[PDB]
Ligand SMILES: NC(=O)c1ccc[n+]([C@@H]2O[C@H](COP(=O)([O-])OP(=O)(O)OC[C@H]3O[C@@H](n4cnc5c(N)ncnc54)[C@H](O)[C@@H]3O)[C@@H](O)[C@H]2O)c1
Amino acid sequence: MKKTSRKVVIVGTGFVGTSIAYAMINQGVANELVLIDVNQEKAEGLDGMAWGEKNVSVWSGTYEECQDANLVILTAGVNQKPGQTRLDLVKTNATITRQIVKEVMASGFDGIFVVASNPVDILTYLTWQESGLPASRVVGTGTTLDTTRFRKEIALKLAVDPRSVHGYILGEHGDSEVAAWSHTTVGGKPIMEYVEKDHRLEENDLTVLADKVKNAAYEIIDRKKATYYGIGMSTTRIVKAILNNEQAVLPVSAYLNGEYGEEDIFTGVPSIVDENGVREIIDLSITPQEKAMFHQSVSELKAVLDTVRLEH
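Output the coordinates of this single chain in the form deposited without the ligand.
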C-alpha cells in the first residue's frame, strides 16, 4: 500500500522538546511523533502524550527511529550553571549537539534538520558541518519568535490585526538583532511614514518597540512555571511549512552566500520554506544603518562560532 505518513523525531525531551512536542500534537502536524530522551543533558524534566485530539501516535524511542524519519528536531542542551561562563556553555551544548547529530546520521537518516536548541545560529552551523547535509536541509529557528513578537507589538501600538503587519527582526536573536524598520509595513504602509509624514509615531516609539523584543529574548524566570509556548509555536510553525510545502516566508536560520553582504554563516533572514527546506533567501535592500548593525551581528556570531566550529 502507498503510505501517507510524515515522521518527525524530537531529540531532547526537556522543557523545549516537551513544549515543541505538545504544539506538534496539538496542531496534528505530523502523524508519527518519536521522542528521544537525551539524558540529564537536556532541558530538564510517557503517558503525558495521551490526550491529543486529532489522533497522532506518539512514542519514545532511540536514534534508529531516524532512518525513515522525514524531519528531526534538535532541542537538547543544558542551561548556564552559576559560575560557568557563556563560552563554556556554548562549548558544552556544542559537543552535546554534535554527538547527537553524529548518531542521528549513523541510523541512516536522510531528511531535514530543524535546530531549536540555543545558541541556535551556532548549533545550526555545527549541525550542518557535522551531518554533511546540504545547508538548505538544516534549518534553525532563527528570529521567527522574535519577529512574531515584533509584529504583535507593532499591531498593539497601532490597533490593527497583526496579520496586516509585515516586517522582520534580522540576525541572531539577542542584543545584536536588527529591527528592519525600513521594510516593516502596516496595511501596506511603511512604518517610517508614520513618523516622517504623519508624525503619529515618534522615533522613541520604534526604539521602545525594538527594545521590548530585544531584551525580551531573556525574560523567562524559574522555567517550571513558564509555558515555552513561543518556542514550541515558532518551531512547530517551521515544521508545518516544511511538511505542507507552504512556500512560506520565515526568518529562519539560513546559510548566506552574499545576501546582506555576509557569507558562510546561518542566521535569521526572510526565507522561503518548503518540502525541501530553505529554497532561497529574500535579500531586502535595508538601509546602510541596518546593514551596519546586521554586519555587527554576524561579526560577533562568527567570533563565537570560531570557538567551536569543526575543521572539516
Second form
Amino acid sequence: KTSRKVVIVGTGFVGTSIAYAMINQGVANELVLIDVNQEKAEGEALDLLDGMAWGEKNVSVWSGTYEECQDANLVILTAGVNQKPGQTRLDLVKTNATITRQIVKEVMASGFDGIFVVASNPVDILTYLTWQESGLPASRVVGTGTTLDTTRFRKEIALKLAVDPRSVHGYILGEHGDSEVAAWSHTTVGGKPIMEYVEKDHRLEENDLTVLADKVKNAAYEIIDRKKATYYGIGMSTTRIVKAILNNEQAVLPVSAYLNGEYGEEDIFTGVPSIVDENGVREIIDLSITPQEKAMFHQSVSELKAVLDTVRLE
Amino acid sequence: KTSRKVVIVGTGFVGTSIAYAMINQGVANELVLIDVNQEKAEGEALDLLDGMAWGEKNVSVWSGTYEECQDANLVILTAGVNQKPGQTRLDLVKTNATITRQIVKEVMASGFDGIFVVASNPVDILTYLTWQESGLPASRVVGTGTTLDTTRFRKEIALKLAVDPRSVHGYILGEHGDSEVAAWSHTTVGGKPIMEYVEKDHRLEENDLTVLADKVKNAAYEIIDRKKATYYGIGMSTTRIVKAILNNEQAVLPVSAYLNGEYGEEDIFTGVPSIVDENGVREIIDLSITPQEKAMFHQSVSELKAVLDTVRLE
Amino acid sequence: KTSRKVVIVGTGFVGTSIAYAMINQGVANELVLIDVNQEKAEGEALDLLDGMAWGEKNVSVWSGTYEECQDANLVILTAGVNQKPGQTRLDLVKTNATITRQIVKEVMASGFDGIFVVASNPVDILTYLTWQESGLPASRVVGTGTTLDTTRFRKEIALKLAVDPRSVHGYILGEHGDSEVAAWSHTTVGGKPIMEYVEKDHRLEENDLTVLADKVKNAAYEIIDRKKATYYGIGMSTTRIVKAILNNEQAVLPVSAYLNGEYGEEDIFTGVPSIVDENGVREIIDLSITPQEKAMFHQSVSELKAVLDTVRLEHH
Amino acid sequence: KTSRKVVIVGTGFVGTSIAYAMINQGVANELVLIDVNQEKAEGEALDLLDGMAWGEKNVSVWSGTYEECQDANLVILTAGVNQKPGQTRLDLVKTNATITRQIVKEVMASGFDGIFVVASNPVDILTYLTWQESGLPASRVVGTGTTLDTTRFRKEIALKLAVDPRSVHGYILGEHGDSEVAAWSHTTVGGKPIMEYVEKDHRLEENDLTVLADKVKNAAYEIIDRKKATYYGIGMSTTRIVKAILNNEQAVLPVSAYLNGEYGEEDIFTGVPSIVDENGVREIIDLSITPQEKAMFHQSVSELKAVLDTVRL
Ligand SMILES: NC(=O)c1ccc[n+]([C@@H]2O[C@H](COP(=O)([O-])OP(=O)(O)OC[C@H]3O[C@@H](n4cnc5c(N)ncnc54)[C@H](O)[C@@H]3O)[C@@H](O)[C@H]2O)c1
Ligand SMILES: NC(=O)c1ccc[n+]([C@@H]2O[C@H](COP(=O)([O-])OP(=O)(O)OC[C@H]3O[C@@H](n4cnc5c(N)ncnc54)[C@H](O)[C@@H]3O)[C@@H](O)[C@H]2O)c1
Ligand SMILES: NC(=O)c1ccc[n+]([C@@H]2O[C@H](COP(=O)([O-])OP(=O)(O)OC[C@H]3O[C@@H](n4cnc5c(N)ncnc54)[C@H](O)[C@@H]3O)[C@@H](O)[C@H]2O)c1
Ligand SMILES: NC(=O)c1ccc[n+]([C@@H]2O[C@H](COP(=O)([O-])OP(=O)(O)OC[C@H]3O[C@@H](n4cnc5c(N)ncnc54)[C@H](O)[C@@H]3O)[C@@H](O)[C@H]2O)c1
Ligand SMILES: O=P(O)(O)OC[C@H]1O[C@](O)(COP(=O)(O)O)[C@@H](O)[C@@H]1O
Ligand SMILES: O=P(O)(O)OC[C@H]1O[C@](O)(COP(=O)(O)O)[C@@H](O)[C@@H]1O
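Same protein, different form: I have the form deposited without the ligand, so give me the form deposited with the ligand bound.
Below is the whole assembly, all chains and molecules, this chain first.
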C-alpha cells in the first residue's frame, strides 16, 4: 500500500485550513477528520470533498473515529479550547495539556505507529507532552516550531528587498513570542547575508532589522485584530512539514526538535532548523549564532521551561 | 507584462477560500483583495501572504482599492449579504443585486477591461446584472453556473462506483436548486454511459439515480446544517474556472453562459457545458438531452426568468 | 516507510524519457536506473539528477543492480533490442520476449513484491510473458496498452474541435496496430457523443472519423520518419499509469488488462479502459461498443493470440 | 491575451529536453518549435504534443517559422553545432556565433519584442552577441550562466551531507569551466555556512571542498563520457529561468547578467546571482567574496573577454 493517510484531529479554523491547503497542493491521498463535535467534522469533510473533481489530486476525505489512526502515516493535532471566563492563562494551558494527552492516548490505543505533527498551542509544550504520553522516540513527534514565524520573517524581508520569499534564507529560533530570536546573523538572500546588505552594501540599516523583527513578533496581533484569528499562514506551514515527511525530502525546516546540547540547551522541544524525513526529525542544525542571539535563545528556552514544569508529567 | 493579476471583491468565507485555493494551486501571480470592510481585507491579505515562503508558487497578495482593477486580468465577485431572519428571499436578491451593480460600476470606472467571474448568489441573476451594468460582451462575464453542483454530482457517482471523481464525466444543468437538471443521459464513466450501467450491466438501478441526484440537490443544506455554511467546494470550482481562462485552455466547464437558442432557451445566463478560454466563454455545447431532462431545464430557466424580471436593469 | 521507489529497466529513449517526465512531474521519490549497458545507466542517472535543485520535487536518482527491486514499489520495463539484419520481424519479438523474460527473472530473484508496468513492444505480448514468468496475479502486471494511442486519439479530436485534450473522453481499444479499434461509439466531448456531433450538430462528418482514426494508426510512422523514433508520448503515458498506481487513484486508463469474457474475449492482456489503483488493475470496464467496433476488436485479439502462441511460455 | 507563448529555436537534445521539461512542469501555454531542419522540428512537435491528454497542463505545441516570434513572450536559443575532426574550439565558437547571429536577426525581423533566453554554448559569449545583434536592453537577454553548474554544485553538497538539494544555497560564479568559481564563502545549508561546517563543526575538511568543486568542474566530461552528451540538467535549469521570468518571480538565479562594476568587472555577461522578473534581469547581487574567489573570478572573466573579442561585433 503506497497510499498516504493523514489524520487531522480538530476541525476548527486551523485543522480545516491545513486540510484545504493539503488538498489544493495534493499532498496526501487520504484525509480523515476527527473532532469531538462529530457533526462539524462531518460538515467539513463534506465541503472539503465536494470540489475534488476540479482538483489536481484525487484525495479521499471523510469524518471518522480514532480507529482510523491504526494505519495512518501521520497524525496532525490541532484540537483545543478557548479562553474561558474564570480561568487564568495557565489554567488554559493545563486544559489543552489535558486534552492533548487524552487524544494522544486514544490514538496510540488504535495501534497507530506513524508520525505526530503537533500544531495546537502552545506547540513546544504540547509537543513535549505528546512525546511523554506517546512513549515514541522524540524524532517522531514533530511540532510546528517556528515555521510560521520563519515564513513571516521571510515575507517581511522579501517585501523590504522586493524579492521572492522563497529566495530568502534565514530563521526565527526558539519559542514563538516576545523572546523569539530573529537570527539575522544566519539569514541570506542570494548568498548575501543580511549583515552584508547592511555593513557593506548599505541597503538596510540596523533599525530596519529591528522593525522587521518586531513585525514578525507582532504578526499574530495585527491579523487577529483585523480578522479574529490566524490560520492560513499556519495551514501552509503545517502542510510544508507534512510534505517533507511523507516524501522523505531530508529538507531543513525550523520545526520543534528535541534538543540534546545544541544551541547550549537540552531536554525540550523548541524551534530550530532541522533535517526532516520519513522518520520525523533526523538531526538539528546547530547554528553558531552571535552571543546576543544566543543569550536571547537561552532566555526564550528559560521561559519555555518555567511553564513546561507547571504542567509536565513525571 | 506576463504577470497574471486577479482581483477578488468580497473577503468572506467564499472570497478567502478562493484566494487560498488559488495560492495553494499556484494560480495567478497577483491577488488583490477588496472589501467594504477594509480592515477585514487587510487581515486576510496579511494572513494569506504569511505562508508564501512555504508555497509552491510566488503569489503577491494585498488589500486595495478599485483602482487596482484597471490593469487586472479578471475580477471575481463574491460580495453580498446573506439571508437574515428579518427579510424576504426576494429582498435578499434585491440587496445583493444592488451591491453587485454598485461594485461593477466602480470596477468599470477604474478602467478595467478584462473578464468577470461571478461567484456570488444568486449567480445566474447576478451574472446577468453584471453583464447589463458592465456593457461588456456576454462572453466576458462568466458565472460559476453549475460547476459546484457538477463536482458534487461527480463526487456522489465516484463514491457509488468507487472510482476517481475526475474519471466521471457528466453535468448538472440549469440553475442550482430543486430545479437543476441531472443530465444522466449524457453522463459516462470510463466511456460507459450511465444508462448502460443501468440497462445492460444492471449495476445501477433507476432509483439510485434519483437518490444521487437528490443528494446533489440537498448538498448545501446537509453542509450548512453542520458548519453554518459552505465555501470549500466553491473555492475549488471558481479556481478551476479562473485557471481555464488565464491559460486559454479551451476546456469544457458548466459555467453561467449566455444562451442564444441552445437548449431551446434565450436571453438568459445559466449552467451548461461551455468552452472556456482567455476571452471568456467561446461557445456552448448543446447536449441532445432527453425530452424529460429538457422539460426540467425549461422549468429551471422559467423560474430564473421570473425572478430576474423583477431585477433586470432594462 | 512512505518513500515511493520506482525502478526503470532499460535506459534508452523511452526509459529516460519516462524518468524525465517523472522527475518534472514529481511522481516518485526514488528513481533507480538499470541497464545492461552499465556506463549508459550511470551517465543517464548523472544527467537526470543534475537539475534536481531547480525541480519542484526532491527525487533521488541513481543507477543500480536488481537488488534495488527488493523494496521497489513499481518496476517499469522498457528494455529490448533493435532489428538485426538477416533476422525475421518475428525473430525479434522472440528475442525481446526472452530479454524481458530474463529481466523479470532477475527482478523476482531480488525479492520484488510490487507492481510491474510493461512499456516495451509488443506491449500486450511482453505483458503476458511478464505475467507468466513473474508468477504474479494478472492484476499486478500492468501493460501500457493503448494509453498512447488513446492520448493521440484525444489530441487529433482536440485539434479538430479546438478543445482541451483533457476535455476529450474516448478510447482506442485492443492491440496497437492496423487492427486497433477507434471506439467512436463511446467518445465524448463536453458530454456530447461524437455521433451527436456528426448526426445532429453536423460539426463533423463520417469521413472525418475515418481520417482521424488513421492519423492515430499512422502516428508512429509519421513521427519516426521525422525524428527516427518516438518517446515523449509514451514517456507521458507511462508516467500517468505510474501516477495512478502509487496514488491509488481508482482512475480509468486503457492499460493492458487480463480479459475474462469482457468484450467477448479471454485469456490475453489487451488495451481496454480499466480501473487502476495501488494494487494494479482492479477491474475492466466492458463497453457495449457497436458490432462493427466489436468485430474489429475480435480481429485485433485474434492476431494477438496468433503471435502470442509463438512465444508464450507453457505455464504461468 | 494571458496565454504565454515560448519559441524554442533548435530542436536537438537540448531544445527538446527543455520543451519536455516545460510541458511536464506545466510552464507556458504555447510552445513553438523552430529548426533549420524543418522535418525534425515537425517530428518533435508531433511526439511532444501526443501525450498532452495525460499531462498536468494543456500545452499547445507546433513547428513553425520565425513569424511566430512576432507575438511571442520569450524566445529560447539552443541552436548550434558540435566539434568535428580537426576543428579548433575557436572554429566551433565562430560558427555557432554566426548561426546565433543569423537566428537573432530573423527573430527581430519578425517583430519580436520580448525576452531572449540563451542556452546555446558558449552561453556567455553568445548571450553577448545576442545582445549586440538584437539592440534590446542588456536586461532582456538572459543567458543560462551558471545555473547548471550551480544545481550540480548543490547536488554534490546534498549528496555529501544527505540533505534536500533545494536546501543548499550557494553558487558557481563566472563562466563555466576550469575558471568557474565555487563560492564556498557564501554557501549555506540550513542557514549554516559551509565554512562553519569546516572550521567549527569540522564535519567538512578543506580537501572535501576541493573534490566537490572539481566533481562539478568535470561534471560534463563525466556525462559525455558515458552518454555522448548532456541535456537533462540544462533542460531543467532553463525551465527554471523561464518560469521565473513569466511569473515575474523576482527570484535569484545565477543567469548570464551584464556586469557593470559588480565583482570588479564590466561590459560582459557572466554568471552571477541576479534577480529575475517578467522584464528579465533586474539586478545583480554583488557578493563580497574572498580575494581568492575574486581572483579566480577575475581569471574567469578575463579568459571570456579574450575569446569574445574574436567574434565580438
Ligand atoms: N502555532 C501557530 O502558529 C498557530 C496559529 C494560529 C492558531 N494556532 C492554534 O490552533 C488551535 C486550534 O484552534 P482553531 O484556531 O483551529 O479554532 P478552534 O479553537 O475552533 O479549533 C479547536 C477545535 O478542536 C476541537 N476539540 C477540542 N477538544 C477536543 C477533543 N478533546 N477531542 C477532539 N476534538 C476537540 C473543537 O471542537 C474545535 O473545533 C488553537 O489552540 C490555536 O492556539 C496555532
Ligand atoms: N455559487 C455558489 O456555488 C455559492 C456557494 C456558496 C456561497 N455563495 C455566495 O458567495 C457569496 C460570498 O459571501 P460569503 O458566503 O463569503 O458570506 P461572508 O459574510 O462570509 O462574505 C461576505 C463578504 O462580502 C462583503 N461585502 C458586502 N457588501 C459589500 C460591498 N458593497 N462591497 C464590497 N464588499 C462587500 C462583506 O464585508 C463580507 O466580508 C455569498 O453571497 C454567497 O451566497 C455562492
Ligand atoms: N507501447 C507503446 O506505446 C510504445 C511506444 C514507443 C515505444 N515503445 C517501446 O519502448 C521500448 C524502448 O526501447 P527504446 O526505444 O528505448 O530503444 P533503446 O535502444 O533506445 O533503449 C533500449 C535499451 O534496452 C537496453 N537493454 C537491452 N537488453 C537488455 C537487458 N537484457 N537488460 C537490461 N537492459 C537491456 C539497452 O541497453 C538499450 O539502452 C521499445 O522496445 C519500443 O517498442 C512502446
Ligand atoms: N548549455 C548547455 O548545457 C549545453 C549542453 C550541451 C551542448 N551545448 C551547446 O549548445 C548547443 C546545444 O544543441 P544540442 O546539444 O542539443 O546539439 P543538437 O544537434 O542535438 O541540437 C542542435 C540543433 O540546432 C539546430 N540548428 C543548427 N543550426 C541552426 C540554424 N541555423 N537555425 C535553426 N536551427 C539550427 C540543429 O538542427 C539541431 O537540431 C550545441 O551547439 C552545444 O555545443 C550546451
Ligand atoms: O534561493 P536558492 O538558494 O536558489 O534556493 C531556492 C530554494 O529556497 C527555498 O525557499 C528553501 O530555502 P530554505 O532551505 O531556507 O527553506 C525553496 O523553496 C527553493 O527551492
Ligand atoms: O472533461 P470533464 O468531464 O470535465 O473531466 C475532466 C477530466 O478528464 C480527464 O482528462 C480524464 O479523461 P478520461 O477519464 O477520459 O481519461 C482528466 O484529466 C480530467 O480530470
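Each form is matched to the other, and the largest set of C-alpha atoms that superpose within 1.5 Å is called the rigid core. Numbering follows the first chain given and starts at 1.
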query: Residue among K91, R200, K102, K212 with C-alpha shift of 2 Å or more between these two forms, core superposed; finding: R200
query: Rigid core fit then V56 CA moved by 2 Å or more between these two forms; finding: no
query: Rigid-core frame, C-alpha of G132, shift of 2 angstroms or more between these two forms; finding: no
